Structures are given as structure tokens and as C-alpha cells.
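Note that this complex is displayed minus one protein chain, with the remaining chains in position.
Per-chain residue numbering starts at 1, and chain names A, B and C are given in the order in which the chains are listed.
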């Protein structure tokens, strides 16, 4: 249902942390 | 509910800005 | 509603094209 959608969206909002920080890995290889 | 899903999707559609621009950071280190 | 969620998910499934191809920009700068 809606509860087990809301708590996928809060997995995606983990993936969009690990997007940011595993880019910021690459950027801080490049400064 | 559906309102507080719709307004996660419009957080994701912020993350997919910061995807693009913090890639375009890396690409403009690389031209 | 559900129709205007489904057609955000099919924006995200555009962003996850432009993820892939604007990475594949960087990778083809790096081969």
C-alpha cells in the first residue's frame, strides 16, 4: 500500500545521500 | 497520504537539479 | 492523484536517461 510507497520514497531519499556523497568521492579525486 | 507522496516526488524532482548540476561540477573539472 | 504520480514516475524514469547518458559524457572524457 501507501505506507510500505512512502517508506520506498524515504529508500530513494538514502540513494539520492549515497548520489551526493559517493559524486562528492569523485569530485574530492578530481578537488 | 497522496499529498505529502506528491510533494516527495517534487524532493526527488530537487535531487534529480542537484544529479544534473553537481555532474555538470565534474564535467566542467574534466571541459 | 494517482495519474498525475504515475506520469512523475515516468519524469523520473527521463531523469534516470539523462543519469545514464550525461555519466556515459563523463566516462567517454575519461574512455
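Throughout what follows, contacts are C-beta pairs under 8 Å (C-beta built on N, C-alpha and C of every residue); 3 or more make two chains touch, one makes a residue touch a chain.
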item	value
Omitted chain's touching partners, listed by label	A, C
Residue numbers in chain A that touch the chain omitted from display	1-2, 5, 8-9, 11-12, 15-16, 18-19, 22-23, 25-26, 29-30
Positions on chain C contacted by the hidden chain, ascending	2, 5-6, 9-10, 12-13, 16, 19-20, 23-24, 26-27, 30
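Here is the rule we use: only the chains that are shown with their structure count from here on.
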item	value
For chain A paired with chain B, centre-to-centre distance based on mean C-alpha positions, whole Å	10
CA centroid of chain A to CA centroid of chain C, Å	15
Per-residue overlap in chain B, given as positions that touch at least 2 other chains	2, 5, 9, 12, 16, 19, 23, 26, 30
